[PDB]
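Asks: As a plain string of letters, each chain reads:
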Amino acid sequence: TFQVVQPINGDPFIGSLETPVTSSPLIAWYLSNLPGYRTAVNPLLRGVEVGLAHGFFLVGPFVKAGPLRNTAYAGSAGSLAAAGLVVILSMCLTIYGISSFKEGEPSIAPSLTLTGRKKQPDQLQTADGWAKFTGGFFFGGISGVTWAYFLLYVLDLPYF
Amino acid sequence: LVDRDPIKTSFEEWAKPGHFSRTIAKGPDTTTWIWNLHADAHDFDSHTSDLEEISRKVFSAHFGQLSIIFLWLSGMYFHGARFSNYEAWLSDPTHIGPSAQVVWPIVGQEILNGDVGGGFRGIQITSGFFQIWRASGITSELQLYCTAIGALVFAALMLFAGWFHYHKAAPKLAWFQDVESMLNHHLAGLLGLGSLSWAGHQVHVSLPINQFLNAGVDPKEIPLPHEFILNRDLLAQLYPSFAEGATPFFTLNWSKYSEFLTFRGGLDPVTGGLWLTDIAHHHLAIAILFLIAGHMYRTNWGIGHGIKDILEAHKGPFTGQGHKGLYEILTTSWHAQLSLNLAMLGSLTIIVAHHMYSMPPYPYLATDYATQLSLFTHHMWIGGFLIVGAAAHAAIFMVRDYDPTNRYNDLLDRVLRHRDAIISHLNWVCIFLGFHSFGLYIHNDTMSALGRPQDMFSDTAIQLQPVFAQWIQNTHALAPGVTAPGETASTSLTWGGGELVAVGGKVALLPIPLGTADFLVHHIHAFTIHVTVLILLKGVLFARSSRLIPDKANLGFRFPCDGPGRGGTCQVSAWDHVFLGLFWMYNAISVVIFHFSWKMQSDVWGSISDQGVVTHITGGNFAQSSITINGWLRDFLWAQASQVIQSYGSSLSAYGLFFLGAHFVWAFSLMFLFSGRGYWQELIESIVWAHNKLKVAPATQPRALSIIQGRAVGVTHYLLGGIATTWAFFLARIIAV
Amino acid sequence: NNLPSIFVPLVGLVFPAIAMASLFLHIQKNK
Amino acid sequence: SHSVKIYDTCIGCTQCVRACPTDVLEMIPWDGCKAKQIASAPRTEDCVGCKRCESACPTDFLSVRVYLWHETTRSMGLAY
Amino acid sequence: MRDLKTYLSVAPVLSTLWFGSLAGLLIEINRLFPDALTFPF
Amino acid sequence: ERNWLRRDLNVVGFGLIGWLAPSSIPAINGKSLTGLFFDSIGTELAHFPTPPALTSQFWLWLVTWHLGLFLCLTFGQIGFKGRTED
Amino acid sequence: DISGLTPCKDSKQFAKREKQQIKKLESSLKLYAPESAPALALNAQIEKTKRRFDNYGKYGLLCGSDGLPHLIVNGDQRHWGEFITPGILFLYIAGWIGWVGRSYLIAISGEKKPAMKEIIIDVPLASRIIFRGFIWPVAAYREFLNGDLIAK
Ligand code: CLA
Ligand code: CLA
Ligand code: CLA
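Protein chains in written order, with the authors' numbering: chain L, 58 to 217; chain A, 13 to 749; chain I, 5 to 35; chain C, 2 to 81; chain J, 1 to 41; chain O, 53 to 138; chain F, 68 to 219.
Pulled out of the complex, with its shape left as it was, chain L reads as follows:
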C-alpha cells in the first residue's frame, strides 16, 4: 500500500524522517537556491545578498513602531536604529567566526550528496570563508538600509 512518510534516505536508524514538508520537489528546489545553500559560490557574494535582504526588511518595524513614530523625525530615527542593529549583528557574526574556526584547518562541511555522489565541501565553514561572509553581510546590510530609507523618504511614492 502507498505510504508517504519514509525514513531519511532509506536508513531507519538515523534520527529523522522524510515528509512532504521536507522533501517536496518545490520545497527542495526553493531551499537549494537560497544564498546560504550555494556551496560552490564565493561566500562574499552570498553574504552580500543576505545582508541586502535582511537590512532592507529591518527599517519597517523600527520606523513604524518607534518612540518617534508620530513626529517628523520618524524615518531618520528608524533607519539609524536599523543601521545600529545591523552593526550589532555584524559584530556577533565576527565574534562567532573568530571563536569557532581556526586558521589553516580544512572545512568541516559534509562532502556527500543525498544520492551518494562525492562533492567539494563548502568553504563557508572555514575562517577565511566566514570572514568574507561577514564582510559581505555588513556591506549588504548597510546598503539595504540606505536603499529602504531612500525609497521611503526621498521619493514621494504612493505607498500604503
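There may be inaccurate statements among the hints.
[Said to hold, decoys possible] Not everything, but these chain F residues come out facing chain J in the computed CB check (under 10 Å):
id, residue
1, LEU98
2, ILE113
3, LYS115
4, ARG119
5, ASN122
6, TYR126
7, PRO136
8, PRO153
9, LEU156
[Said to hold, decoys possible] With a cut-off of at most 25 Å between alpha-carbon atoms, the simulated DMTMM-like pairs for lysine to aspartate or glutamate come out as follows:
id, chain 1, residue 1, chain 2, residue 2
10, C, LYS52, A, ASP588
11, A, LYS232, A, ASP245
12, F, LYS83, A, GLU122
13, J, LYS5, A, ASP41
14, J, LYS5, A, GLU24
15, F, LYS115, A, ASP245
[To be verified] One-sided and incomplete, this derived list gives chain O residues near chain A with beta-carbon spacing under 10 Å:
id, residue
16, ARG58
17, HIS118
18, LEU121
Rather than coming from a laboratory, the hints here were simulated on the basis of the structure.
Think of the CB as a built atom: it goes at the ideal place given N, C-alpha and C, for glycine as much as any other residue.
Could you slot chains A, I, C, J, O and F with the ligands onto chain L? The hints should help.
Replies: Chains A, I, C, J, O and F with the ligands alone, transformed into the frame defined by chain L:
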C-alpha cells in the same frame, strides 16, 4: 453469565489489615507500612492479575458511590424541609436570601445566624437549590420530606445491590466485554427515556404551576399537581389545545401544540430565566434524538454496526493500517477507558459552566449573583481536576498495559516514533505565546510608570481589537429572521441585540462588549492551557523510555529518581509530570475565574433606576485598569478584599477566619516542597535518642516520609490552601454587595 | 552639565558590549 | 570518570554486578568469604553514577561505594 | 464475634471513639460553665 | 519521496462542477448560494480597494461556499485514489 | 495597681464595651416579633452577655486603658487563679497521660511481636493500666529514687 456465591461474607478479613497485598500482610515493622496501606487500597490491578476479578471489584464500588450520592441528595432535600425559609422565599424571591443551615449556640458561634429575611436566622446558601425546586413546581415542605425519604430508600437499594452483585451473583467477563449492548442501552434507555420522562413531568406539572406562580397567585392557593391530571378542564382552561387530547400527535397535526411547545428564545421578563415551554420542547426533541441513536450497534438480531468493522475500515496513506487493533485495547484495559472518560467529562463540565451563565435556565437565578459566581467557579475547578486525571491514567496505561506483541496498533506506534518533533513544536508554541501575551502587560506597566500613556496597548493609544469574536457576535445577533427564521429572539442576550432584561431593580443580562483587554486575557488563557497540555503530554509520551533512561518502563510508573548520575535524574517518572501539571492547572483556573469575576462585576451586574440608567458594581473600570498588572493588584485584589477583612463581628466572620486559615495552610505546604527526606530522617534519629533514654521508644520504628509522599503532601496542601483562600474571598465579596 | 549625556551611554552600552565580547572570546579559547 | 571502590566486607552475593546499567562491575575468585568471590570494578570510565549497585548491597554498610568525580560525555549520558 | 471485636480495637476506630467522647465531654463542660477566664475557687 | 499526491488534475474540474451544479439551485427564497456569493462579490468591487466591512454578509457567503467546495475536492481526491487501493 | 492597671469594676471603658455590645444585640431584636423563636434566642444572648460582664467584674480582674482584662503571671497571690492553678491542673493531667502511655509501652515490650499490639490495642490491659495513672506523681518520684526511670 454469573457465578453463584464466589466470595464468602465474613468479618475475618476485617481483623487482618493489608490482606489484599502479600507484602502489606506481613506486619508493621516501620511506620511506612501504615502509609502503604492507604495508598494501595483501591489499586485492584496490583492485587490480582485476573481481569474478571478486577471487573467484578470495579462493578461493586460504583454501587457504593451511587449510595453515597443518594445519601447526600437525601440530606440536601431534608435540610430544605426542616431548617430552611423556602416557603417565605417563595412569596418574595427578590428580597429574601435563601438559607438552609442553622447553628447551635455553644461558644458564641450563634453570631453566624444572621438575618436573611422572612423571619428566619441562618446561614445563606449559594448552591441554587431553591430555584431548582421552584422550577419543578414544588410548593410545600411535605413534598421535600417525601423526596428525602425516597432518596434514603434508593440509597439503601444501591447498597444492597452492591453487596448482592459481589457476594451472591457476580457477572462473568463475557458480560462486561459486550460494548455494543451497553452502548445501545445507555443511549436509548438511560438518556432517551430519562429525557422523555422529564419532558412529561415538565408538561404535566411544571408548566401549570409555574404559570400560576408567574401570574401572581398565592402559593397556598395553587391547585395540587395531581389536580391537573384528574381534571383536564383546568389544563384546558390554561391550554386550550389540551382539549383535543393526543389526537393531534397521531394525526401529525403537531402545530396545535404550539401553546406549550415554543421556539421563542431569550429570557422570561417576569423571572429572568429561559421560557419553560422551550425547555419542554428541547427535552422532547433530545429524547427523540437519543432514542433513535440507540439502535446503531449490532446485537443478537444481526442488524446494526460492528464497532470493530467500523474501526478497521478507516486508514490512509499517511497513517498506514489506521484504527485496526484499537478494539482489542479498549476491551481489555480499564485504565484507557477511564482516561478517555475523564477527559470527556472534564471538557463537558467546563462547557456546562460556560453555558449556564449566558443562558440562565432557572427562575430568579440571573439576579442572584452569588449563586452564579459560585456555580461557575465550582464547575470550572471540577473540570480541571478531571482533565488532569485523564492524563494520569493515560500514563498508567502506557506504563502497564502496553504490549505490542499481542496488542499492536499502528496509530499508537506512529505517534511514539516522532515524539521529539511534537514536544519541540509544543515547546516553541508555549514560548511564543508566553512572550507575546505576558510581555504586552510588562510593556504597559513600564510605559505607564515612565509617564507615556500614549505608547500603551490600549483602546486609546494602540488598539488590539478581537475582530474575529466581534464578527461571531454580529452573526449570532442577526440570526433570527435570516438564518434562523423560526426563532423570535436570539439564543442569548450577550450576542449584542441591544435589549436589557431587569428583574426587581437589578440587571439580569445584557450585551457584553469586547475590546483590547479581552484580547490580552484570552491569549493569557491560551498560553496557560498550552503549557499545561505540554507538561501532561510530555509526561505521557516519555513514560516508557527516553534518551536519558532507556529502561524507564522497568522502574515502574511511580518512582522518585534513578540517582544522582547522568548529571541528576530527579522527577523523571510519569507521576511527577502529573504532580507538575497540577500547579499549572491551578494557575490557569485561577486566572479564568478572576477574569470572570471582574468582567461580570464591571460590565454586566448592577442596579437599574426608574429613568433607565445602569450603575454597575465597580463602575466599568475593567477596560482601562486591567491592561496592567498594577491594575489587577490595585483595583481587583486590594479593593475587593475589603469585604472579607472587615467581616469580623458580623455573620460573615466565618469567611474572614477561613481567609487566614487557608493562608496558613497554603504557606505550610512550602516546607514539604522546598526540603528533602534525608534532613528529616537525620533529625528523627536525635528525637528517638531521648525516647530510648526514658524507655518510651516505640516498637514500630519511626521513619520519615518517602520522596513521593512528601511531593504529594506538598501539592495537596498547596491546592487546598489556594482554593480555600479564593473561595472565602469570593463568597465574602459577593454576599455583601 | 553635559557629561551625563556621554558617560551614561558609555557605561550602559559600549563597555558592556566590549566586556562581553572579550569575555566570550576568553572562555571559548583553547590550545 | 567516577570512582567505584570495593571493600573486603563483600560476601559474594553478585547483586551489585547484576544491577549495573552499563558493564562496569564483574565477579572474580577470592578467599575470605563462604562464596569465595569478590566484586571488581575494571571499567569505571563507563560509569554513569546511578548508584543502582549500592541499593542492591546487603552488607550493613556498603561493600561497594561510588564517589562522584570529573564528568565526561559518557558519565553525563549524552547522546547528542 | 472475636473478629468483630478485633476490628473495634484497631487504632483509627478506637481513636475516633475516644475523641468523640472527649469532644462531647468538653462541649458539655463549656455549656454548663461558659466564658471561663480564671479559676475562681 | 517524490510525487506524493499521485497528481490527477481531473479532480479539480470534477469537484468544481459537482459543487457548482447543486449549489446553483435557487432554494433560498428564490436565490442560490452561488448566486448570493457572486452578487456579494460584485457589490464589494464597487468601492475598490476599500475592504468589506465587519457587518457585511460577504464573509459568511465566502466561508460557506468554500467549505462545500473544499469538501467536494477532498472527497473527490479520496474517491478517485481509493478505488485502486481497497 | 500592678503596672498602672485598674480594676474592672471601676473601669468606664469596660462599661462602654458592655453597653455597645448590648445595644448592638438589641437593634437586631426589633426586626422580629417578640413571640418568635429568634427573639427568644436574642434575649438569651443579651442575658448571657450581661452575666459574663458581671462575672468578670466580680472576679477582680484588671483592665487597661482599652477596657480589656489583662492577666498577671508573676506569681502574685492575688492573681493565682489566672495562671497558677490551671497550670498545676494541666501538669497533673499531662503527667497522667504520659505515665499511662509509658506504662502501656513497657507492659508489651516483652511480647513476641510487640509491634502488633500497637496497631491493634489490647483493650483489657490498657483499661487495667488506665486507672493506675491517677497516682502518677508518687510512682514517678519513687521510680526516680530507685533509678528505674532512666534507661541504663
Ligand atoms: C472516577 C475517577 C477516578 C477513579 C476511579 C480513580 C481510580 C484510581 N486512581 Mg486516580 N485520579 C483521578 C480520578 C480517578 N482515579 C483524578 C481526577 C486524578 C487527578 C487528580 C487522579 C490521580 C491519580 C494519581 C496521581 C494516582 C491515581 C491512582 C489511582 C488508582 C489507585 C487509587 C487509590 O489507591 O486511591 C487511594 C486514595 C487516597 C489515598 C485518598 C486520598 C485523599 C485525598 C488526596 C485528600 C482528601 C482530603 C480530605 C478532605 C481530608 C480529610 C481527611 C480525614 C482523615 C480527616 C485507582 C485505580 C494511583 C495509581 O494508579 O497508582 C498506580 C496514583 O498514583 N489517581
Ligand atoms: C513567576 C514565576 C515564573 C515565571 C516567570 C515562569 C516562566 C516560565 N515557565 Mg515556569 N514555573 C513556575 C514559576 C514561573 N515560571 C513555578 C512556580 C513552577 C512550579 C515548579 C513552574 C513550572 C514550570 C514548568 C513545569 C514549565 C515552566 C515553563 C516556563 C516557561 C514557559 C515558556 C515561556 O517562554 O514563557 C514565557 C516567558 C516569560 C513570560 C518570561 C519572560 C518575562 C518577560 C517577557 C521579560 C522579558 C525580558 C526581556 C527578555 C529582556 C531582558 C533582558 C535583561 C538584560 C534584562 C516560562 C519561562 C515551561 C518551559 O520550560 O517552557 C516551555 C515548563 O515546561 N514552568
Ligand atoms: C506516650 C507517648 C509519648 C511520650 C511519653 C512522649 C514523651 C516525650 N516526647 Mg514525644 N511523641 C509521641 C509520644 C510520646 N512522647 C508521639 C506519638 C509523637 C509523634 C507525633 C511524638 C513526637 C515528639 C517530638 C517531635 C518530640 C517529642 C519529645 C518528647 C519529650 C519531651 C516532652 C514532651 O512532651 O514533648 C512533646 C511531645 C509531643 C508534643 C508529642 C505529642 C503527644 C502525643 C499526641 C501523645 C500520644 C500518646 C500515645 C497515643 C499513648 C497512647 C497510650 C495508650 C496506648 C494507653 C518527652 C520525653 C521532644 C523531645 O525531647 O525530643 C526528643 C520532641 O522534640 N515527641
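Asks: Next step is simple, just say for each hint if it's right about the structure.
Replies: Evaluation of the provided hints:
1. Given hint, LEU98/F at the interface with chain J, is violated; its Cβ is 26 Å from that chain's nearest Cβ, farther than 10 Å.
2. Residue-level restraint check for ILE113/F is violated (minimum Cβ-Cβ distance to chain J is 14 Å; threshold 10 Å).
3. At a threshold of 10 Å, the smallest CB-CB gap from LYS115/F to chain J is about 7 Å, leaving the interface hint in force.
4. The criterion of a C-beta within 10 Å of any C-beta in chain J is met by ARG119/F, whose closest approach is roughly 5 Å, and the hint holds.
5. For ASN122/F, the interface hint holds, since its Cβ comes within 10 Å of a Cβ in chain J; the closest pair sits about 7 Å apart.
6. Proximity of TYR126/F to chain J holds as hinted, the smallest CB-CB distance being about 5 Å (cut-off 10 Å).
7. A cut of 10 Å between beta carbons decides the hint on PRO136/F: the least distance to chain J is about 7 Å, and the hint holds.
8. Among the interface hints, the one on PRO153/F holds; its C-beta lies about 5 Å from the nearest C-beta in chain J, closer than the 10 Å criterion.
9. Annotation: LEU156/F was flagged as interfacial toward chain J, and the flag holds, the nearest CB pair being 8 Å apart, inside 10 Å.
10. Between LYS52/C and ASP588/A the CA atoms are separated by roughly 21 Å; this keeps the pair inside 25 Å, and the hint holds.
11. For the suggested pair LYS232/A and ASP245/A, the alpha carbons sit about 21 Å apart, so the restraint of at most 25 Å is met.
12. Proximity of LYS83/F to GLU122/A is assessed by CA-CA distance (about 23 Å); at most 25 Å being required, the pair is judged to hold.
13. Taking the CA atoms of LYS5/J and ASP41/A, the gap is about 24 Å. The hint holds against a cut of 25 Å.
14. Taken as a hint, the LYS5/J and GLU24/A pair is honoured in the structure, with Cα atoms around 11 Å apart against an allowance of 25 Å.
15. A C-alpha spacing of about 60 Å is found between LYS115/F and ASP245/A, which places the hinted pair above 25 Å, so the restraint is violated.
16. Hint status for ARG58/O relative to chain A: holds, with the closest Cβ pair at about 9 Å, below 10 Å.
17. Contact between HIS118/O and chain A, as hinted, is not supported at the beta carbon level, the nearest pair being about 16 Å apart and thus beyond 10 Å.
18. Taking 10 Å as the C-beta cut-off, the interface hint given for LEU121/O is violated, the closest approach to chain A being about 20 Å.
Against the hints set out earlier in the document, violations occur for numbers 1, 2, 15, 17, 18.
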